[PDB]
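Trainee: Single-letter residue listing:
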Amino acid sequence: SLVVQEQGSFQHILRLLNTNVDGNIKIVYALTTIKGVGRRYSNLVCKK
Amino acid sequence: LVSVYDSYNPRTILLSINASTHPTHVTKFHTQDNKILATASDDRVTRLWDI
Amino acid sequence: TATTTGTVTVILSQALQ
Amino acid sequence: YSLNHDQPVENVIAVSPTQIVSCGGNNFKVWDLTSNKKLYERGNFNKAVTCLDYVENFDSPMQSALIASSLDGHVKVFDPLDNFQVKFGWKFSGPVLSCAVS
Amino acid sequence: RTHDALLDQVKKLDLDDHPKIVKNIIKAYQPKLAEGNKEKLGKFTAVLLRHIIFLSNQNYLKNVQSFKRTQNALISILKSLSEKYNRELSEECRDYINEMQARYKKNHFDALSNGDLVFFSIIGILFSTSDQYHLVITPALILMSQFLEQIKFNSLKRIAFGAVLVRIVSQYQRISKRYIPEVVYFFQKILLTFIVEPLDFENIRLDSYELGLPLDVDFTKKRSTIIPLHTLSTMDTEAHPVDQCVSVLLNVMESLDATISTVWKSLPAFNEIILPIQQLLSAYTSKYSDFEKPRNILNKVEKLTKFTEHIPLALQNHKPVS
Amino acid sequence: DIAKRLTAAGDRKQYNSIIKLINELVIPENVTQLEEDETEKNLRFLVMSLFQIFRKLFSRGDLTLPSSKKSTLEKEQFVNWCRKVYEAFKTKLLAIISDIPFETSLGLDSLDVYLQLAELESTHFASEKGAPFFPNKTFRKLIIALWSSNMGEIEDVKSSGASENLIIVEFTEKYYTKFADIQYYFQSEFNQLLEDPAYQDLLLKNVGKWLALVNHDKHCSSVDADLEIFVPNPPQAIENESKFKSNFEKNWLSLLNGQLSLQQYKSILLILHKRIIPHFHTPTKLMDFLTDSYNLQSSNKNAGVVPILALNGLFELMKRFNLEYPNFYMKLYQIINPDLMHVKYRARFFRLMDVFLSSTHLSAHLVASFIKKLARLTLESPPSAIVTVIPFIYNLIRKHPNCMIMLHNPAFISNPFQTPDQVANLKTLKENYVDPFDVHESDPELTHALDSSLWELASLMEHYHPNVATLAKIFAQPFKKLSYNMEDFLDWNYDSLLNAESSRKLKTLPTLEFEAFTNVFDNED
Numbered sequence: 002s003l004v005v006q007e008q009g010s011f012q013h014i015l016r017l018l019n020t021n022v023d024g025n026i027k028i029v030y031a032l033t034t035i036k037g038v039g040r041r042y043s044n045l046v047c048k049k
Numbered sequence: 104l105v106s107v108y109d110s111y112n113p114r115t116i117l118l119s120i121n122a123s124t125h126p127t128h129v130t131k132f133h134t135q136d137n138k139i140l141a142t143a144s145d146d147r148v149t150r151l152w153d154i
Numbered sequence: 430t431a432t433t434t435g436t437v438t439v440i441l442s443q444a445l446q
Numbered sequence: 207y208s209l210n211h212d213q214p215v216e217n218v219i220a221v222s223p224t225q226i227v228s229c230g231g232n233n234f235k236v237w238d239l240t241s242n243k244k245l246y247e248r249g250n251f252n253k254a255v256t257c258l259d260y261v262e263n264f265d266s267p268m269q270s271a272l273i274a275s276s277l278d279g280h281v282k283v284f285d286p287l288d289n290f291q292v293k294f295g296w297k298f299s300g301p302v303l304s305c306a307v308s
Numbered sequence: 382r383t384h385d386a387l388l389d390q391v392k393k394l395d396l397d398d399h400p401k402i403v404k405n406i407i408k409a410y411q412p413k414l415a416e417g418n419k420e421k422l423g424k425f426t427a428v429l430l431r432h433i434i435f436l437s438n439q440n441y442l443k444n445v446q447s448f449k450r451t452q453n454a455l456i457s458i459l460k461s462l463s464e465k466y467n468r469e470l471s472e473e474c475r476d477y478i479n480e481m482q483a484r485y486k487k488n489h490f491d492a493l494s495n496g497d498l499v500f501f502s503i504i505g506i507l508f509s510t511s512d513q514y515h516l517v518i519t520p521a522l523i524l525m526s527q528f529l530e531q532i533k534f535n536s537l538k539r540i541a542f543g544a545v546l547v548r549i550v551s552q553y554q555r556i557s558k559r560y561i562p563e564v565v566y567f568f569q570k571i572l573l574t575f576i577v578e585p586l587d588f589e590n591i592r593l594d595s596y597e598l599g600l601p602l603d604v605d606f607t608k609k610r611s612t613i614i615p616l617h618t619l620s621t622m623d624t625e626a627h628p629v630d631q632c633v634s635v636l637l638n639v640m641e642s643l644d645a646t647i648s649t650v651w652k653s654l655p656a657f658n659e660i661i662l663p664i665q666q667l668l669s670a671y672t673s674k675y676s677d678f679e680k681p682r683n684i685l686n687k688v689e690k691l692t693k694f695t696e697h698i699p700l701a702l703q704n705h706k707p708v709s
Numbered sequence: 010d011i012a013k014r015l016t017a018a019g020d021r022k023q024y025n026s027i028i029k030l031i032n033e034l035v036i037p038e039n040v041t042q043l044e045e046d047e048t049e050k051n052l053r054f055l056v057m058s059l060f061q062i063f064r065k066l067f068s069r070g071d072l073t074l075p076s077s078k079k080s081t082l083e084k085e086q087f088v089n090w091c092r093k094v095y096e097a098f099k100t101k102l103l104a105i106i107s108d109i110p111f112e113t114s115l116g117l118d119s120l121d122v123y124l125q126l127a128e129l130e131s132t133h134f135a136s137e138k139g140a141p142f143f144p145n146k147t148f149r150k151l152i153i154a155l156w157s158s159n160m161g162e163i164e165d166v167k168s169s170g171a172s173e174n175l176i177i178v179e180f181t182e183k184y185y186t187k188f189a190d191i192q193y194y195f196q197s198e199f200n201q202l203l204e205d206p207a208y209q210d211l212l213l214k215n216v217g218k219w220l221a222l223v224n225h226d227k228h229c230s231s232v233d234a235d236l237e238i239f240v241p242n243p244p245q246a247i248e249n250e251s252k253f254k255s256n257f258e259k260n261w262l263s264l265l266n267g268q269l270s271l272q273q274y275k276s277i278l279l280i281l282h283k284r285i286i287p288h289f290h291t292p293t294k295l296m297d298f299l300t301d302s303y304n305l306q307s308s309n310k311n312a313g314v315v316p317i318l319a320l321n322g323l324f325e326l327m328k329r330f331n332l333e334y335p336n337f338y339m340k341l342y343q344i345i346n347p348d349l350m351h352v353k354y355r356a357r358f359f360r361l362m363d364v365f366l367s368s369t370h371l372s373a374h375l376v377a378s379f380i381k382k383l384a385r386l387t388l389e390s391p392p393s394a395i396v397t398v399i400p401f402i403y404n405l406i407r408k409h410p411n412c413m414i415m416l417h418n419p420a421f422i423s424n425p426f427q428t429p430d431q432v433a434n435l436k437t438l439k440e441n442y443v444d445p446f447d448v449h450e451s452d453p454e455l456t457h458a459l460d461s462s463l464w465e466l467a468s469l470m471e472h473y474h475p476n477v478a479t480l481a482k483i484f485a486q487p488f489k490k491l492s493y494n495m496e497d498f499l500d501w502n503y504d505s506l507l508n509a510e511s512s513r514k515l516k517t518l519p520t521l522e523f524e525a526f527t528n529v530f531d532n533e534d
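Protein chains in written order, with UniProt numbering: chain C, 2 to 49; chain A, 104 to 154; chain R, 430 to 446; chain L, 207 to 308; chain D, 382 to 578, 585 to 709; chain V, 10 to 534.
None of these hints come from the bench; they were simulated from the model.
Some clues are possibly wrong.
[Said to hold, decoys possible] Sample of chain V residues at the chain R side, in silico, Cβ under 7 angstroms:
# : residue
1 : 264
2 : 266
3 : 293
4 : 294
From the three backbone atoms N, C-alpha and C, an ideal C-beta is built for every residue, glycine too.
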């Protein structure tokens, strides 16, 4: 019965540029859900 | 959902015990026996499962 | 109310516990 | 039967075939299991002991070792042969939630 | 005809009886030859409302019964003309709410002129607040709640103001039966204010915890009532004996009894509302053994708690979707 | 008067003067004496302000040309006379700032600008052939005048705030904030001034002037928005950021030693974490202060609000350095009380209990106690606290779903497929039911609130406000919502409540009553 901090709040399904990208999948395979983006573009975007 | 994979192979989920609808917070096999798995959950009840 | 200082004795007490 | 650790327990491990150690709250207690009875309690922390684990027979001056992790930064090692006295400890950069050894 | 001071300049001649006659004369002037009379119509409705507002608390120690008959006749003619006209009067009531809130915004209590009581009373006359939402009587209700627990009850002028605010809110809920949580705290505050003289019940944090009524009450049975005479109460709570204190106490105790029998029986936490009121009323009946109304209230709330059921809840039993 | 003043000004700025310079220099003592005699005796002259401005311009020209810079040979009386006239003008300005009955707006509010511009130009105009900005003697005299300048009762404003001295408010507007070096040198001279004994026995007294001087989020050590400079050459003042922070620390604690009144106690407790706690080298020094403020158990009736104000600084101090307050949830359980819903500070506490009750290591009995006590408190409460209590109960029941037996006990359900013995047993147990929740228990885990149920929200479902009642309908609705954005629900007030009520979305037309309350209007007519 002691306070333990929660490391951030999990925000479920996100709107991003007319796309409802889901908050339960990984970030790279989530960014490829938008129309007109591939896997290389996705992990390049996350790398920079 | 207790899920038991085999170690050193993350792609073969061996069986998915569907325990309580509450979160299952502790899962450990027996230390003497091999084929029983004890899972306690936020259901205030632990369960022994034969795998 | 306080009138003594701002000390450090809670720190010291749960250093020595 | 039931063993009344007064604080909400966070972990229970078994040291001997007879005695088990429960941590919860600022202390940990050890319980003889053939006699249903508490026999040591160490409260050498500031915040709640989150976890325990135990080592036996490994290459060490200590023949047995119970280490304990306690939400204030500290993990400490207690020697079960001289009355669960603390022998060494580490301080970490935040509240330590779980610990283990080889 | 009248533009919020033109009626004052016109009919500022006689005392009381001619005022209703001049109002009826202006009403006969407009609506008979009304071929375009709508703005003057709704204007002098608003002027009549504002006129009883700046008339209701000026000087009532001149002819009281003439005041009473002319304000009763004024309210009758106001309601009877404004039955056909809601959509011009309710704007002015809304602006009066919006401006008396700004009065309360600056002044701590003393911008609450005693025409606001009869303002709440007359809008409770011209509409029944049975409904959930309403355009003018819900801002009145949150204002009345804001004055029930936003002003500091240390003067008996303020305590009598609160007693008649509970009067207005119980006449509001006579047909709608909702639960104002703040009148519970008002009862809790003042019913222990009259016997605090503090070492027995901790947490109400009264404002005037030294006043209260002593251990030598006269046990007279012809004591007074509400006294709809706020002009007289303003003098009484400065030249006050204990007698107006006991009158206000019996007023708030009978309105407490009334609201117990009418509202709080229909609430699942009634046995959780009537522990501390039961505590202080037990303190009354074992402090005095004089007022029979605390024993009456104790007996009836004991009967209500003993003969209700008060079982746990089953709120989340949902019918299954197909 | 004005004639002799303007003639003496033209003579002083004409070309040069010796005996007329002596006359127009000793005339400033007469101007100071006339203002000190008319102080609370005339209070409307403006010739005093003209004399201060004219003597300022005259001494400014005299410090431009004939200052006491240096000497070569036999000019051993001119420098002494010029510095004597400048020092007498400065001493008259300091007496003018110190001696004022009230906010007379001239004798102090212009003497402050006079001494400020005098020291601002006297940064230069000395022997200093370097990069100094040495006002230090004149500045120490300025601040000792500024703290001796006690007005009537505007210091320690007994409602709230810090101090309503007009020249000190103007100082913290435009003579403390808009730069870097003069506030730093002020802190340095303050923390030299608080060490000699007579000045420290006077300086621990009028602390409210300093509270009004500090609580503004615009310090040079605060990296949120930084400043520029007006002084010609600042002498490594902005460099020693350690010296500013250490000075800030030690004068904060040393004048927090002295004569705490309750209003400024609550003021420093409210600004304790967002204003001063980043400007401490070791913020663990305040830990004893706010832990005793947190467990403050006084006989004063308004001394029950200060734990709620110590919570923010104490929890930020624990989180930054994980120290422990023992029996934390027991004390947090006893801190909720009927005072806490009627108090002025609800959102400041509930946006901290959002963090305190989201912990993943506490118990269902504990959350049950924390919501059952909060519901029995909320049945006699403003809607300002209703609309922040019931989504809080929603989020706690959503995070600890074992606490939904307080809303829905399935043992008290009569389905049509029941044994006659089952409905018999149901009737006997609902007759032999009594709830075990005890409000006088101090221990949250030992409170039987899970074994109780939660009637207060069901009673709250019929509320006079439609928005509040439709918010309480969600506990009979299902739980498809995940959370509620508590910081969006928090600070609804009476004023903003009726503001949005007058400015609501649509606008229906009002209706009228067919009830005909002709004679008996209320039960009080």
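Trainee: Checked against the structure, which of the hints given earlier come out wrong?
Mentor: Failing hint: just 1.
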